[PDB]
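*Asks:* Assemble the complex: chain Z is given as a structure, and chains C, F and H with the ligands must be docked to it using the hints.
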Amino acid sequence: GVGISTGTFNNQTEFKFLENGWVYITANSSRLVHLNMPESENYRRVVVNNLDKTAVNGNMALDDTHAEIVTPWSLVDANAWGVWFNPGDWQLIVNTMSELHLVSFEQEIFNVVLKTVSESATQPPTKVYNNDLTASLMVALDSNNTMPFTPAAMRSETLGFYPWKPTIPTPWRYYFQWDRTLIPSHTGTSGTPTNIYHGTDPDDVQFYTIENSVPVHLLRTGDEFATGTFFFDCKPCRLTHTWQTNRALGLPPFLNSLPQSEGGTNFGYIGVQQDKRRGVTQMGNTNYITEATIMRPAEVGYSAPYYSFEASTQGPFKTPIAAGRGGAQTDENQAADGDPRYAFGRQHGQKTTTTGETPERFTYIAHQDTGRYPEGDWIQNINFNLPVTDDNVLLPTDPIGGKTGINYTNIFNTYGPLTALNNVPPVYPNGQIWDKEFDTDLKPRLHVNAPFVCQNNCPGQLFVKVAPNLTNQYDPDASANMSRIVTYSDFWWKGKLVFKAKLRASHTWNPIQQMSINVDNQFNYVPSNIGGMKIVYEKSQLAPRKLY
Amino acid sequence: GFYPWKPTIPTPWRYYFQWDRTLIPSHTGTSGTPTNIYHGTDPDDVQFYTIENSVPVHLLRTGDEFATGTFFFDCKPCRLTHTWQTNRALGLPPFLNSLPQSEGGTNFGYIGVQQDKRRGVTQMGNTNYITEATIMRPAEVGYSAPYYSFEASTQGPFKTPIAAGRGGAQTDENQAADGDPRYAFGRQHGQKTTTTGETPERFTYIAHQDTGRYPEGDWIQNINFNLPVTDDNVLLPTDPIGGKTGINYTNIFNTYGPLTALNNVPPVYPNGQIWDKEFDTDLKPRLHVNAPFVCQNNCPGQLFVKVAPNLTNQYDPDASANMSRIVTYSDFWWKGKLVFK
Amino acid sequence: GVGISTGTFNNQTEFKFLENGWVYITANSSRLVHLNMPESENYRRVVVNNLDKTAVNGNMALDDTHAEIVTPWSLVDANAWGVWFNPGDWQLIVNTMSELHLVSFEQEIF
Amino acid sequence: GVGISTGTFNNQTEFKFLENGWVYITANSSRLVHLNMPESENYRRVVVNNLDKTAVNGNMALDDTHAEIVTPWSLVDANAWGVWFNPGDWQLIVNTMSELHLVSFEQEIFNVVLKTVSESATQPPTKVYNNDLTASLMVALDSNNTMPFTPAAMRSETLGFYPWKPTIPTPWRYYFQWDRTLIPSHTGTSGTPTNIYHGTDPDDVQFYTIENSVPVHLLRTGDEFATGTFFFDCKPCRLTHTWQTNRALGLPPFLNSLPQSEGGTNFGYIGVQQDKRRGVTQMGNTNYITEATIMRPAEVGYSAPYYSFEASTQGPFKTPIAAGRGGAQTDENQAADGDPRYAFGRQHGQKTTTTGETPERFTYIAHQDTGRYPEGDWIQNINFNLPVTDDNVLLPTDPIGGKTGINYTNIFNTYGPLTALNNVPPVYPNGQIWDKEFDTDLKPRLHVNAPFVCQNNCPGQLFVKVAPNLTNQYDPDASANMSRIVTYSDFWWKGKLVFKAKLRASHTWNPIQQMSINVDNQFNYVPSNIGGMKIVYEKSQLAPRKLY
Ligand SMILES: [Mg+2]
Ligand SMILES: [Mg+2]
Ligand SMILES: [Mg+2]
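Residue numbers (full-length UniProt numbering), protein chains in the order written: chain Z, 190 to 737; chain C, 349 to 689; chain F, 190 to 299; chain H, 190 to 737.
Don't read these hints as lab results, they were simulated from the structure. Idealized CB from N, CA, C, for every residue including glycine. Accuracy of the hints is not assured; some may be wrong.
To be verified - Far from chain Z, some chain C residues (derived; all Cβ distances over 10 Å): (1) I372; (2) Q463; (3) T578.
Stated by the list, open to error - Not everything, but these chain Z residues come out facing chain C in the computed CB check (under 8 Å): (4) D558; (5) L610; (6) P716.
Just chain Z, same shape as in the assembly:
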């Protein structure tokens, strides 16, 4: 009833250790959530079109042109690592465990509260807030996944990462179909490259409403809403990085001459003429067998176009990359590897005392050396007469199509039936946790936004909405105003995410990478002179593995 709570706050993280080193990680998460009534109780089809920026020529990539359905509903998305784990938790997870399974997920909404403002009482005149006891909060759970999947992690719009700080849902909205052409150009190109918004292919129109798809529950103060327990099935996510590239696969060449004093240039030498060697290569011409020449069983990682933009029906988009990291010491190629860059604000990691509209950012460079360093690429002519002529080799220096700043590697692609890959590492805290699988007849070997993909069915999305609180004058047949009492709601959200992981074991003489503090660093994990505070990105695959 009114004066009786309907739930319990629990943001406790339990680690239940079992037999055969399987651990049963139960992550609890609770938040106080704040919610206002919709801007309007209507669904809207809105179009965005920034010709003001695209007609600039050489500005094709800044396209934001799209169409959208704006719903009066808000989404409660807790699909992000930072919702479930604090740094201390992650440390434990990452340093001590070898793989990670996604087991189950459940959530409930409780201690619902509704208050009306209204206002103006009296002189100076200030504002005043009263309870509307009979008022309702609409909750709807799309458990059939009828509706478009919109993970909020991509826009850094999930729930807050701090337990003691309140949070909010985000207004729900989704993509509506649109045709669109945009011909690329450069600064020199004059005239106007055609840049048009064609409209909407009727054969592709899908207008969804919560109301026609999902049962909605009305919750008053004394009501509570709980979901079942959803059980996952996915591949395990591994918490070890592979360090081997092709150049370190298999049996090393026997060294006939080993060093005889310590030091930094006391090298060992193979001791056989490169053309008098025994072994196997895939080069039918020469008898050279060198480390770059010697056959390897397959190919680790792959080369992909960068920065390639491709275009279909609805405009241009970047071509995504799987691998990374590929560069040597402190030098990479963040675009050839496709290392992701996260931008977020206060609620999700940025220092909460920071004023200003500018977000905090970082670029996740994985530990797994499976990417490329295209600067080191080349292509020789069939004859392999070497030292190689300028006419017989194509370097990443030699311009392509008569452009100084383009070389062959920008359009290069070495994916093939010998390509080997890892899945993306978890990015704490802003990374996504699970992601729906494309309903295409043939599917992606992975996703770049999340390590766990539900291929049969994912948990449904959770939607909330303040119930229409009408005044005494309401004429629906009038075009004019919907006059509603200004109403808003506070409700508590609790979730339980269960993982099951496996403990790692030492197979080397040496110790290995692990997180810690650090006299540097040490200050990213405590509040400040005022109420703190900050959460910092922090890797995931610290321990080395072994490809081969």
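*Replies:* Quick look at chains C, F and H with the ligands alone, frame taken from chain Z:
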């Protein structure tokens, strides 16, 4: 060794230790010293193994013996037949309206329908031309791959491997575009055992299965398909790319795709590998080029031997100096059983 | 003990034919193996670096630079067709049979 | 018999996980061990007397004067962390587990080899080594602890820490009673300070022999010897360090003025006059209640004399200290905290390529802040009239007994019924693991050389010795040389030490200290261009605890 009556030996064991390394490519004309450095060792990638800490060690004296269990494999079957069909020979050939009427070497048969007045299906939305090189096929046999492509990551550059082959007609093959493997070996493994000299015997395996490419026959036409085609409307393997005499588009070309069909590598007798471990990658290769059998399972363990330290009477471990050991060596017999079905 | 053999030499290749034309090829292989004590009883981390060849320009493909752990252990590897089959065996296999399964593998030292 | 092995080498470390997060660490260790025949087959009472160094005056601390029984036996001591764990193993233990039990210990000797040198033959001439098949190696296990406990860890004379490098036992010797007086002095003192070795108190004489106390087993090649499985019973050793000193126990004083801008001098203030404050102190005079005055429930750590030397019957010796560390930012009174210092050579950590007689060293400074910084000590007068008078306070500056470099803290002792302590942390790899308890009617609350103390029964010491291989010429009635065939032995030793550990859990928002590598550091855990190698000291109590 490959000969039952001739003794043999193991090989000293050694394995890869991590290193960072950069090497920028260059040609003879190139000025300067292209950067060429050995950066060192990524500490996050350091793995030092010992037999001693990982594997139980048996001490065998004369009267002792050591036998392993029987390891059971599970892999796909390896096929001992080659395929000969390329796309140009898949399916129903076109009906001939004029059959030859005397035997001989140029008594060809003729289809007998104008190329633009023929029935059938193509993937060319423009023309009404249906020719054997144009007619649709259910998928694509074999694939085009870069050659000789070198790619580079963390530890230096390496050649890009190829799957298919052979693709050239008879006499002429592109041993690099098909990636036909070349084996080098000595006396113990095939070379005539009487031959002195450090120079190894060699061969290049050219498979029987016609699934490779002959890039000299490749080309790309412009969308309009106005033919005989203008020099500006076609890109040949003759036309230089990036302004280099010896490079054309096929050198960087890649037609691997969702319609690609492939076979696994054929066994290479006697120098070929038999089975091979699978990469512990989250996503795996569809095949390996060094062996026909790959263990998705777990593979038989490697077997290591070592002579026990036979010490003299003077041994001081606290001494930096030479470990003085009695000179010792061993003879032992090895028997194996490999069962196929 | 000392004066007593502990195994038997067998390099015989058996073809056991079954029903529905499945064959059961058991390739036996035996060798006398020779082994000396290690150069040193130690593990070594050795680096190879042939700038001598790579600095040449146009010689990138001749790179041999790598790092390596050198152990006092030796490896007994029989992973090669020639270890198990003579030419004649191979002829039989290749001419008369359509596919090949890898079933089992065991080995001993005696 | 002859051609048949009697055991198998195993230096493998197994981690068996159970339920409720108990781990079952089974450490296996195997070594090849080398042993030459005794210098003589006799027991000897040798006296050492370096008057050469002690007559110097001011050289009291350099005393080596003692008596010793020298035995023809050698001792196989494996009591040191490095015998059982590689660094990688130790990493695992220290980073993921909260405590540690010592469960059981067994060992065996197998694959015995006996060879006689014997000798010249021929030109120029070199030596040759043959097997003596019928010869024996004597093995004796004193399982009743009849004989003096001599842990070799104290002299860095345990087995080797490297599995693939052979090792040796050490000649066994034990203390024999002796009287001895040495009066202390300084450089200025002349005349001759009485410095005498009085002899031996007959009432205290104990001459032990292996032969009369322990059954001796003769092992020829085909024999093997295994001990039983010994089960320990001791307290758990903890793998977490405490950080609270008295100044941080309990309820902090309420701040009435909290800072309102971030920064480094933006302090908060208690906001009440120090004499107008509420609370409890043990100072009956003043009404001052400050962080330095406010009562605490008891006392963490204790102050002890340094460098104190005390003297009894057999001479002077340092006074041992329990706690440590006590100083703040990178400066420790390594004497006031009794921080231990270890010396060792190649076999146990020093770089093995290093020539030269100088040992490698380090000083273990623990993580547990429970020591003292005596420079910060002082003593005020009963009246507590402050700011305080020079004659009303005693500082660590004011000299005692009129010596410039001596202050009160050097003779100070604040052990008391309110004293709280921890046991010593494990020192990897050179630290002792277990230690016997003193057979005194009253016992120490701990030992400083090792964390596990067997009050129970400790595993017996293992002694080996080459059996006397006589020549044909032997006359016992003759004074002349024992003529023996030159003989030495190779045998393998294998041990199994079992622990029981418990996995830790995250209790804080922040992550915590853990071992890793490190761009520094990274080279202490791999061999070199030649055969390495080095083992480096690395702490043990990395995760923080909570006293109160
Ligand atoms: Mg790396
Ligand atoms: Mg053919
Ligand atoms: Mg401290």
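*Asks:* Taking the hints in turn, state whether each one holds.
*Replies:* Structure-based check of each hint:
1. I372: violated, 6 Å
2. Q463: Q463(C) clear of chain Z: closest Cβ-Cβ about 33 Å, beyond 10 Å.
3. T578: Holds, because the least Cβ-Cβ distance between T578(C) and chain Z comes to about 19 Å, which exceeds 10 Å.
4. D558: Because about 4 Å separates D558(Z) from the closest Cβ in chain C, which is inside the 8 Å limit, the hint holds.
5. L610: OK, holds: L610(Z) within 8 Å of chain C, min 4 Å.
6. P716: Violated, because the Cβ-Cβ distance from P716(Z) to chain C comes to roughly 30 Å (cut-off 8 Å).
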